[PDB]
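Of the protein chains in this complex, one is absent; all others appear in place.
In this document, chain identifiers A, B, C, D and E correspond to the written order of the chains, with residue numbering beginning at 1 in each.
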């Protein structure tokens, strides 16, 4: 009973933590071109592509690590209860 | 006595580690404009804003993880000592 | 015997995981310049330098964390076996 | 406990571990409809922002309007004098950031020159027409004299002025329209000055005409003075536009409008913002979550499922 | 267990911890040789891409060729009319992204003007020569009449056109070469138009000549029409180039060629891509790992070495 509510507190804190807004934008760079303009097109597309790739990376390890911590806690309490049952 | 000096070694290594200089700049892009110039202003401001945001993010998880490790060690030794006291 | 094959599974999964390709580029921004052109040179060099620095940072913590997890597991099983030997 | 059906999730330890429950934080799709609450949505069905500013005859309904997010349908098209917008994106984003169409008329003096010129390519009804916010200046009788108009700014805000330079097709057209063999128009403020000279030449015949118009804009600050000098080929403004500061943007879309109340608008419709990540699109408006490239970010919400 | 020789690695806990084994994921160096499998490698030994496009006499061998990664040796040099490439990087990257040299001739009509002009600075053999893809237009007898060549696009792909504007050294040279005292050349499509006027003046004497040529390019879409107007100092194309979409790039290198099958090519040679990181270079081609600034990224592959 204690483990269930404890893990619930864990994931619910994790949830209401990670769902935060840290992004605020009104108007950005042009993501879409109709013709070929020159070097400025390269600058624009490259910076925005690097931005989206880096954000995807950030997200990737965010979920990776949080899931890892959830594993560590759940399997830790799992072996603990297995020990106390196999005294 | 051993736990106190051990934890001291921990945080002091962590400190003299994270305080490293990895940034070296002499002259950078213009962060301040007096009038409206055009698309180049968008390029400049966007790249520098993305840079500062990404650096703040990096810092965020740096402190997050290091604090997490300090927790893991301190509460681990806490339950260990509670166990050895409640034999 | 079980610990050796377990740790082998650990590092081999870690390896075949981290070696993934997530980068695909055909043509990029011009890093080299022969003369001084103006502000566009600043934009170009700054964005690419920030990119390489951020990628190096990403790599840094990747190896840092993975090595950390390998430590945690190996020293955990180390104290476990020391305990079972010093009953 | 244990369940006969677990959920597989990605980890760093093993690529797919089975737990008892998980969640699907990533928003997967949109409803398809955009809807206008609490935002003020104005539908530019067949005319974009610039055509609304110039005053095209087929979109004279959109006048003195405000909005929170202007939309641009792919079916937009122009029905007036052919033109070109030098550095179009800058002025588009500038006018899009304001969000208003408060056009305040101004009394101008055009001596010796004939105003209100029109062409059959911009028929506002049964007869020839022109733009509503612009005035075509022409010669009167036997000459086109030099013009030096001045307008001050005694207010406490900024003013937007639009003007145009006419590029004829032939030198005979120029001479018959302006006695001067060559044209020149200078806009000037106390800190910003520009000069434009027309270009006689043949252009791709669009709507049955080769002559062109080039539009330019100017911003006047409080206490600044705007001076216009001309000797031929000038399209003068009829007033100015008041500048504001607010949360106004633009988004090209083709989705229909509904009556939902929602703070997140995307070109593919609306989505709820009760989630941290979404994979519908990167281009969002208002309070919208992080954009990623992964639609299957699963979050383990239960213990490891070890069935009996 | 324990071993008498461990491996020191970097950590966040302590700067150097000793474990029983480690790995060296970072690729340290290259073999020095670049090799052409499964990629199609073409060696531009002494002429770069632009000289291959213009048709220099010393590189007439490279004609109607395709490639996957063009190389540019530092020993490249030109042996023809001096020139300048306005915005050189854009056109270089554009032609480099195509990867083909399919040049399709086109029938042009040049009335009243003398074609196929040459100079001793571009001798293609024993006599005077010129570029293979360009034609020098000159006056015939006593006049250089105005030109207006039109060419449509009835196909379903894009066409590339190259042209040049001649800058003479003296006004007498201009008048003797073109009766018109001043030149002007206008290229036009249904959406893109440009106009160039020559510049009479003295330039640094290169290969014994002060006159210059400026090259420009144009892209024609399906259904579009290309119109050329001229009155003097025009170098006309002899055809067009078909545009494609593929994985084609360029890389300046000086390494020799081998026969190894490898998907990763670097300017310093080839490297295997069986590793996640490398420190040879940032500029890579094909499937190549992440670039970093650290060559000593060690990964602990064993337990902590605690010797007896």
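Basically, a contact is a pair of C-beta atoms (placed from the backbone, for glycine too) under 8 Å apart; a residue touches a chain by one contact, two chains touch by 3 or more.
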Q) Which is it among B:21, B:84, B:86 or B:87 that touches the chain not included here? A) B:21
Q: Name every residue on chain A in touch with the hidden partner chain.
A: 10, 13-14, 17
(Q) What does the interface between chain C and the hidden chain look like in terms of residue numbers? (A) 35-36, 38-39
Q | Interface with the unshown chain - residue positions in chain B | A | 7, 11, 15, 18-21, 23, 26-27, 30-31, 52, 55-56, 59-60, 63-64, 66-68, 70-71, 74-75, 78
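In this text, only the chains that are shown with their structure count from here on.
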Q) Pick the pair with more C-beta contacts: C-E or A-E? A) C-E
**Q.** Between chain C and chain D, centroid-to-centroid distance (C-alpha), Å
**A.** 44
Q) Rounded to the nearest whole Å, what is the centre-to-centre distance of chain B and chain D, using the mean of the C-alpha atoms as each centre? A) 42
(Q) Residues touching two or more other chains, restricted to chain E: which are they? (A) 12-13, 89, 93, 191
Q | Residues of chain C whose C-beta touches two or more other chains | A | 28, 30, 40, 43, 47, 54, 65-66, 68
